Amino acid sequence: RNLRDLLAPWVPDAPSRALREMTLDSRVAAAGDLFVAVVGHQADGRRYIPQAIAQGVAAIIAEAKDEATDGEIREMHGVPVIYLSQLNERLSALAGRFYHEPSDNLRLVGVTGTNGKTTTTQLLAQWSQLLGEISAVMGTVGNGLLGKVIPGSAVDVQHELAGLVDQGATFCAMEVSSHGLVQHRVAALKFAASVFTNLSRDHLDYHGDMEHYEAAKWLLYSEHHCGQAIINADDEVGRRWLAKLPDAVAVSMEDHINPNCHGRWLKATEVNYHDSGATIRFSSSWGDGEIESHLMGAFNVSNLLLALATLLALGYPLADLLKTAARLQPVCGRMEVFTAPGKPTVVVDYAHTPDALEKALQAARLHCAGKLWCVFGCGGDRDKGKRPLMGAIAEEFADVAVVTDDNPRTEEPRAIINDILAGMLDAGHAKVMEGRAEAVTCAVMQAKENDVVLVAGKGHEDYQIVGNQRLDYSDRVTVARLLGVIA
């Protein structure tokens, strides 16, 4: 890493300096570092140029706005200070070059949209790895090689990606936030593929507003190296964009493929939702097939189909994808199914809000031939507002509501339960059982073979907070033990 080589594409004959790390934060800028001084929200890193120099940085790259001409090379206390216009816009490119273009040295897939981003990202990484990649994820959860995810600027994005390259990653599935995209955080990344789980947004009922929204986003995407575009056609905006993008892949499970266009497509033709997952029959421009998914709900059918279409577009053979599909697993604590011979199906899900609980129950229902049971509670010493709403939801969308404890903390456990019951039309029809373990057991042992039991609120959060004590407890382990299987 040399300053001169670093800047060669933009500033000829920049001074030669060995560079250590690249940072935006003057507080950590150390001997040999490249400090980058940017202007943001009510912030100007140029203020800290003296501090960075005093700390022994090798060089500084700074925003030119109001202070210098683009490419102007200055010298302060012997330290090169090079000014660049539109530095925020160029930061990704600058960092890309600093870190030896990590996105040129693995297959990067970007996933954007409001729903299904996390799951689709995980499925991409999982499936590619089953096909022989060493895969990684970058997301809100965290970054890392698959199964080693560690819990944000354009520089951090490039740094992290370079870290993954160093660890031997050949494939990375990256969640891209709307905000991140707008702030140029992935501007210089070479995406092999871009997955659009949806393109619609709330608050755009005015035609003028939808037009502006689409224009802003279209402009943004036009400035990125998106690679192959894989678009959910069950989204209204998705369909409109597909009509303008003849090389994009159209994906649907609700009959939104237009065969007249002769483009690439993938669609579910039928789904059988059963106890252990979904049997998904699909047709595609690559051929037809059947996948045995071990994921639950209609949304996860969509997420799987998006991942499949993406990997097909990237050239992974259909036969190999089909051969590995049955090994795709649920995201940790998310609609995780446990089945056992002659026992009810049990789903462990993290849902702990009204909206999430409703979605979870709707998903579980699709796999439920018999009665749907819902075992849940609400956290103590937190906002009480959700309590009656979650009560109402369990009553409406499940057949049997089993109300129990979920991290009561220092609050009277039965008071929390009463708050939940208060939201129900017929509280008397709910089952109340305290001791969460006991409640789970009640449901599992009483449910019929063709019933489904949703155990909501925790996912893989393996503790129960009672008073001030974080007690060892796991829904997954409790469920597995009851069913005679291994969590």
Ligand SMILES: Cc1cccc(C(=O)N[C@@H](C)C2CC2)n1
Contents of the next structure:
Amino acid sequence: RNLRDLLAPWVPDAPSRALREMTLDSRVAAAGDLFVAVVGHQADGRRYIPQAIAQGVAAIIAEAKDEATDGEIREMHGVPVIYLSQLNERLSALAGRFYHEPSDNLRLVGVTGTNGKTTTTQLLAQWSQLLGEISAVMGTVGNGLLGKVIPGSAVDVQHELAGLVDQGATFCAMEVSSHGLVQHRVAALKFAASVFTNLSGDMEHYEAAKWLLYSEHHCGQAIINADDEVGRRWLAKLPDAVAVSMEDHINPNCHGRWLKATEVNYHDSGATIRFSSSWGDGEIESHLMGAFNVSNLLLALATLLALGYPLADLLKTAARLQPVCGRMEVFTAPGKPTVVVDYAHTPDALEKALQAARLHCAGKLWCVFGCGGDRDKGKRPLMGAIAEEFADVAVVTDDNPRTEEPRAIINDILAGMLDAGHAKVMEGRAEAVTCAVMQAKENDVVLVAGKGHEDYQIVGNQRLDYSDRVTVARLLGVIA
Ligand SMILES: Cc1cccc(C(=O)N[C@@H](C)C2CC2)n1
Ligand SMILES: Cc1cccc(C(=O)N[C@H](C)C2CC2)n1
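Please show me the structure of the same protein in the form solved in complex with the named molecule, now that we have looked at it in the form solved without the named molecule.
Whole complex next, starting from this chain.
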């Protein structure tokens, strides 16, 4: 890395100077670094140019606003300071060049929308890796090669993508937040494909702002959920986008690319999804639960088809796709009730989890759950009302009671019910889980909510070793 090569597209006359790393933080700007001095909300990095210089940086790139002209080269204490107008907008491009254009050196797929980003990215990364890629993810659960995901500016994004390319990644599925997009955090990334899952006067400016952003990015193949009203607006203006539906929203008159689920059977271990597409038809056995996960899987399928992965190979590998651990994670065993472990710990999340589970439930739906002690109490009766409404059997138990009296938490939950006497209460959590699993019938479904993959139960100030997954697995005679 050299300042002159780095800046060649923009600043013809920039001095040669070897560079080490790129940083926005004057506090970690080491000797040989490029410090980038950006102006944000209540922050002016140019204030810290003296400090960085004093810490021995090789060079500085700085916001030109009010201070200089675009491309102006100055020199302070023998250190080149190059000024650029609209530096926030350009930071992604600058960092891209610094880090050798990582998005041109793997297949990058970006997933945007309110929900489903995490699951859809995971599915993209898993399925592509099943077809021979070395895949990675960047998103809410962290960054890394699959299995090694470790728990944010335009520089950081490019740096992390370069790290992945360095570790041998050939495919990356990235969550792209609305906030990230607006703050130019992905501005110079070359997306192979861009996926839209869903959106949760005004409508004209919102739309306008997002269209403007779209027009400025390298989105690649566009893959859009046609079951969402906003998705259909995108599709109306993008004739080469791929429309995906599990209802009747594909308009066959447009002769565009499409994928639609024609029949879905939600069963005790997943969903059987029959589909047609402009690539051919097929049937997939998904091991994920609920309708929204059928949509997420279809989006991943359509994306991979769009990118040229063969339908036959995707079909042969689909049954290996797994849920994110502790997210609507299904446990079945021959002749036992189906048990779903989900992290749902809010009224809305609990409601969605119950509605998803219900689709797969021939019998009674059980819900085992509690609420955290020494935290806001407001959700407690709301979760009680939800469990009573959307399950057939509510089993109220403990969930990280901490220092709060466990039964007091349970009381708050029960207080939200129309008919609390119809709820079952069982303390200890392990005991409650066991109660549901051992009493439920073979065609029942038991949702164990609140913990997902979090393998502890906080009682007092002790983190006790405890896993919903392991509890369930042992009861069913399976392996967590
Ligand atoms: C770009 C494309 C490809 C295939 C089908 C379609 C499609 O059904 N569009 C619908 C949802 C129109 C109202 C927006 N659009
Ligand atoms: C991943 C990504 C990056 C940059 C822009 C975009 C974008 O405007 N996406 C739209 C929602 C398009 C329907 C797919 N998506």
